[PDB]
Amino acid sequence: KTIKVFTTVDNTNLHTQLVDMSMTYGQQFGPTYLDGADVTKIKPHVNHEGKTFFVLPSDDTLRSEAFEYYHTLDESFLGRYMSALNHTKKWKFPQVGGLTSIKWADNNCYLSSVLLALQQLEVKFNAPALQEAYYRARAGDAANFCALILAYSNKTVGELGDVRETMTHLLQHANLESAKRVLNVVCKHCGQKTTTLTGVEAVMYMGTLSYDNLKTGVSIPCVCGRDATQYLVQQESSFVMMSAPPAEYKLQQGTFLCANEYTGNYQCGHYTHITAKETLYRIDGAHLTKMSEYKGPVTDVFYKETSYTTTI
């Protein structure tokens, strides 16, 4: 018997295929799904006629389309994306404080913090799978975006994860092509030195939560002797992300865009997100509390930027 169905790896280009009556889908299409339903080992029915199956890039056309959509060559990627989607599609995405958040499940609080921060930054993704899923996320349909974050970060539903590390992976697919950071390492003796950073390191800094501190000078146990200071001479980007091991830190209105706090120890703990609106909002998955000032164990802080150049 002859039956007509569609395959795809990007949900955008569908390919008409003629499936054989007898055999299942795995020895015909390889690994195959149908609405997150691993029917690789399931025989073809007849209500199938006309419907669309996901598959793995078996041939040059599918591999090229997968690459164009996802911007990865990783052969495990699509399977990993699928098994995450099975779960994330069961998560809830309420609107909290004007933003799409995520109701706690499967230690997804780090993901909620990543999702909340991104919505407040002037940032776009170059990979079409990310830009499309993100558009939908901002509108409350975030299951796909979350599964994609997991897949790009090499993380699995149910693991706790680190927000900074996650952003490190995601921002490699962000519109950073024009971002630029110039730092100066100065010394009492040693000498004078300038460093230019681009891509991810133009916007991500690890070692202080304070953007002011990076502007006035941050100190470090030097390589030739005593006390090197690092100071920002120039910044070109729409935001910066300052991270540090969690530490007691006061967040005041009008001084930052948003932040993550982390309570617990390295192995096990809990993130919440703080954003500065008419007052401070602390968004803890589905829950909201409000406060005029916060002091607690902050670990990332986001600040708005356009262009900065130094006075030193």
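What we label the rigid core is the largest C-alpha set whose atoms superpose within 1.5 Å from one form to the other. Numbering follows the first chain given and starts at 1. What changes on going to the form deposited in another entry:
Comparing the two forms between the two forms on the rigid core, the single residue of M206, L197, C222, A105 with a CA shift of 2 Å or greater is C222.
With a cut-off of 2 Å and the rigid core superposed, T40 has a Cα displacement that reaches or exceeds the cut-off between the two forms. Relative to the superposed rigid core, the position of the CA of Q27 differs between the two forms by 2 Å or more.
Positional change of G50 between the two forms reaches 2 Å or more at the C-alpha, relative to the superposed core.
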The other form holds:
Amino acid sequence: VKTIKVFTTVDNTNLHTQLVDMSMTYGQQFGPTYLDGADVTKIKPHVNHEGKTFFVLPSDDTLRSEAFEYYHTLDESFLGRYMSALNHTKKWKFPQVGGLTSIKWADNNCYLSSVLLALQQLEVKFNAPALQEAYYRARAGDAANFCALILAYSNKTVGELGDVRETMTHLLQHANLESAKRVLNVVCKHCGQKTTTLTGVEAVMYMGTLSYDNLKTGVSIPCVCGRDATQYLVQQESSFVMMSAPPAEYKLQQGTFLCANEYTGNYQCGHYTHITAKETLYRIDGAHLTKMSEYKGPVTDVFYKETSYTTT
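Cool, the form deposited in one PDB entry is there; where's the form deposited in another entry?
Partners and other molecules omitted; one chain follows.
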């Protein structure tokens, strides 16, 4: 009975020493097993695997609690879906475009590089160590893990088309937004004044208009009385906000926003590209950069810098 010593893990931090029988496959001893993203379930150990670290599924109490602590998901197929995505994203290219980590086009991933590009420009911290650690590696240029996690957390697979806003919604559920607050003043002609306070993801996102200012000037609201009142922004406490709408012609001017996403083509199969604002306007389209004086185009999401906003 020849054996070699390896480590199993669900989080790449807690390592569990194992003696593996070289007579049997990894799958017979650990269940489904992965090495650096590749499925090694069907193969028997090699000599050179001595001391390597293998991902396995959470199959006992210790692994399940380490997996929850690391991923904060309570979906049991998560790690397998993560690994299956990572088998692809590890073969993607993450070039520096405009000082940011982008993604070379592959597997219909253009919506994902827009997500990735936007997140590097926001001041955001993630509640799940898996996301926080991969986020750090992504901004340094090794974003394969971060992309695969974004897919797994969004219940999307490699090669599916996607929506930036829907993707950001899932990610920000694992962001630390407990201090994020949005105060909306609502008053009907009939029932008087009321203060709605949004927190968390709903404090930083809005669907319906691309303009942060249109939230200050007023949005129409249903009321339990029966009439239509008006609410608007009296207080915002967050490091950013994200304004979204169906694709509409929008002017983007330097100094007035943080970054944005353009969407061209059909709803069934379109093309996202990232617009950011530095010394001039940048368009980041996968690995391709274009600088521009002005911009007017089909925009679906605009991000704005924020800190503390009050009308007291």
